[PDB]
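For reference, the chain that follows is the form deposited without its partner chain, supplied as structure tokens.
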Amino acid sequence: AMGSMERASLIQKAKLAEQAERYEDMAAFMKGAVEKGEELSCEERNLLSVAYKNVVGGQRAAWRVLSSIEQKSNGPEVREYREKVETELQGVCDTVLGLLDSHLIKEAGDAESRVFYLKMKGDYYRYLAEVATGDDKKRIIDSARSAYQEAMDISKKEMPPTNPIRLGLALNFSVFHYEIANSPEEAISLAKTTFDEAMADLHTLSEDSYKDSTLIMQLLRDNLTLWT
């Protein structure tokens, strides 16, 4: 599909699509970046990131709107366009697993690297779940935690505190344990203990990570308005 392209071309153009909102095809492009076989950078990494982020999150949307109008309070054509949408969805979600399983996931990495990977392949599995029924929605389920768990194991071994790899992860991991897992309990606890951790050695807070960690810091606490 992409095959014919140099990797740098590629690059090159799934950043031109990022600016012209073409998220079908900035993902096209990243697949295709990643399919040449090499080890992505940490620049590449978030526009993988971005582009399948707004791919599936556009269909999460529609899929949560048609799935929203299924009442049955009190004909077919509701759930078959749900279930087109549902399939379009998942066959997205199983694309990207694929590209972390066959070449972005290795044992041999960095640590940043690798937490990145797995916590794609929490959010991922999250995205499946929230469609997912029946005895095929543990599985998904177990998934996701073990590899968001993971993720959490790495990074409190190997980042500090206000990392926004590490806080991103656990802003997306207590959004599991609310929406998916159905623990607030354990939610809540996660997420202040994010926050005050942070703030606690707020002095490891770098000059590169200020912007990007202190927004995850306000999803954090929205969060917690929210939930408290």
Given for the second form:
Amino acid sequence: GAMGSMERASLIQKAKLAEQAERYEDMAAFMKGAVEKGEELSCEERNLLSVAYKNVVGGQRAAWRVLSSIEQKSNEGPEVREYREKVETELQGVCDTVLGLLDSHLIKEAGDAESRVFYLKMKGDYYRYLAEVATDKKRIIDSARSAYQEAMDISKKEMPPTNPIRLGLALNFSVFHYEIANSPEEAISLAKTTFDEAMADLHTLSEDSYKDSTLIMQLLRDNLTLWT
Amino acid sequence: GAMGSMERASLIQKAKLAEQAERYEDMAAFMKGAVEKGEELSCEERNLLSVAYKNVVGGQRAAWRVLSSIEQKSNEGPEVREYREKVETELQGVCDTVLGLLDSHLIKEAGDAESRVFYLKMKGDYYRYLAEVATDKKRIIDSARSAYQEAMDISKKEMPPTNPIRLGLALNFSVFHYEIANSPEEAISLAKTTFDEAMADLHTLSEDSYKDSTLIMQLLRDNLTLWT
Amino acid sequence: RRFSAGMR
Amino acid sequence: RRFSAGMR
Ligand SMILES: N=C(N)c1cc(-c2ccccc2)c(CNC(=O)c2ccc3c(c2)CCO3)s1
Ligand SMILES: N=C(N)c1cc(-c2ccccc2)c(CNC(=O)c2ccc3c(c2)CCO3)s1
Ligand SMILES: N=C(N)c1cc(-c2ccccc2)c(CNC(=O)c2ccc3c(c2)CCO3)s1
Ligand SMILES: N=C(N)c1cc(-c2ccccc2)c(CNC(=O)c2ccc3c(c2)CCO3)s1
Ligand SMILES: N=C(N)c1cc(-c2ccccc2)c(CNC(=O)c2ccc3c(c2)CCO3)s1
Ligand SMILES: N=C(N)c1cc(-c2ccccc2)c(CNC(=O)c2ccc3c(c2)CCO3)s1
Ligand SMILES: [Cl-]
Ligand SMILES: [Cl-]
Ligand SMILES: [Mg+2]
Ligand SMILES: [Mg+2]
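One more: the block was the form deposited without its partner chain; return the form deposited with its partner chain bound.
Next comes the full complex, and the chain you just saw is listed first.
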């Protein structure tokens, strides 16, 4: 790895600077190196990894969707298809890289429910991103579904219904159900039960945790308002 | 060049898709390949080149300024300096690349005042970007000043005071004077004379050209409001 | 466009 | 922050 000669602590520090600078490709490269040191990631460091790749693949996804729509319009020279494939291939590479970090060996070394759920959610997310562009598609969908489901099983056993990672997990699993798995009823069922069970637990929370949970509840709210 | 195997027309087409996708690094790479085909760039294609590198170096510049401020605060480990240098070096590389396209051979093959002024303005801009991070600085400032001045000489002879490239040229030369050359009076003098002479020429313009010119006049306006 | 956890 | 032509 190109980051193998840098100290773990220096990589984490520079990942934070990269975030402040909105240099998310640098951020991801630094966090990739941090992961490959072989030591667990703290909660803060898990968020750094997630935010970094969210922004990198996010730009790829938005670019892909622009190109894919233009491509479809021109089917109602090869350059539009060629460039969509270029972005698509670069997007799949990023997803394969994140999934490699998780399988080697973040998930197996996650000796916590909190840490393990976080990584399993990430596994579902980046198989979901591969499914968005897949046309093996069925097999990718099952990999995401399975990663999401195991995270759900653990989260329900080990974490309260207001935990932000659990809420973010159910949010994204509901989106998977709605737009990837062709299961809009599952998506609705999941979003509302998650919302309702979180609201019934808010009375147990501090003003700060309250803010954390209600911020993700708003996203469940907006989706249900769109789907029903 | 990695783009040497692609048709000029395909590179231009994909540069346009890249813009729609907000993939500006791709855009610049495509336009770099287009330039290296050795044929002149149309007005539209000159704008594609300029917008592409504006966005790439723009992100580098904003990141540099974030890092440089953090670095200065910590002087009121080496990681902040190290990463600022990483971004700085990558920024200088981009500026060197644009300046190489201009010197080999966009400027000498520009057989128009319109085309030649455009490229000379670009030369001033990217030497200005090198000056922003330089600490050889005097020599870079003279290179920008000289490129800007020759563009001004041509523009005054060959183009009306409302021409958008001429207005954009004077705008950026005024900024050079204000924040790079320590000449805030030159900057003010240049911005107001450009503004005033453009306003006195607006009566000659179509509704469309009017819009073009007044859009850059607003920027001269905002700067004068800041400086006086 | 629906929200995912990475869009808040 | 002042405007340059690349900020309109
Ligand atoms: N450097 C970063 N980006 C983060 C660092 C930490 C952290 C710091 C210290 C201890 C533990 C964690 C984060 C915790 N996570 C959030 O605060 C959060 C995440 C997603 C989200 C919102 C907020 C609002 C809507 O969507 S984020
Ligand atoms: N058990 C809890 N409730 C938490 C414990 C900690 C923690 C752990 C170790 C060190 C410091 C803090 C949390 C930090 N906060 C987040 O990670 C966070 C917050 C908001 C949010 C997201 C993530 C995703 C979307 O919105 S939360
Ligand atoms: N297929 C379903 N389950 C639904 C069917 C209807 C309905 C029934 C009759 C008339 C019109 C609509 C629903 C109404 N909308 C909600 O109940 C709702 C509930 C909780 C919640 C949000 C929205 C957002 C935040 O959390 S939901
Ligand atoms: N693909 C692009 N980005 C462009 C393509 C063309 C073009 C197309 C056909 C013929 C000639 C030129 C452009 C002309 N230039 C502008 O319209 C322009 C430039 C800077 C600016 C504003 C407007 C508003 C504020 O700052 S831009
Ligand atoms: N002689 C003129 N006045 C123009 C002639 C042409 C042209 C030439 C060949 C083909 C098609 C059009 C123009 C296209 N427009 C721009 O290039 C433009 C417009 C607004 C603007 C900027 C640039 C920079 C900031 O704001 S302008
Ligand atoms: N050092 C100078 N040249 C100036 C000194 C003063 C001044 C004098 C007395 C009291 C307060 C201020 C100026 C006033 N401001 C303008 O005249 C002005 C003119 C044209 C214009 C804009 C602004 C923006 C768009 O185009 S300018
Ligand atoms: Cl391509
Ligand atoms: Cl570095
Ligand atoms: Mg129903
Ligand atoms: Mg004065």
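Positions refer to the first chain, counted from 1. Under this definition, the rigid core comprises the largest set of C-alpha atoms superposing within 1.5 Å between the forms.
Shown in the overlay between the two forms, fitted on the rigid core, is a CA shift at residue 12 smaller than 2 Å. In a rigid-core overlay of the protein, residue 220 has its C-alpha displaced by under 2 Å between the two forms.
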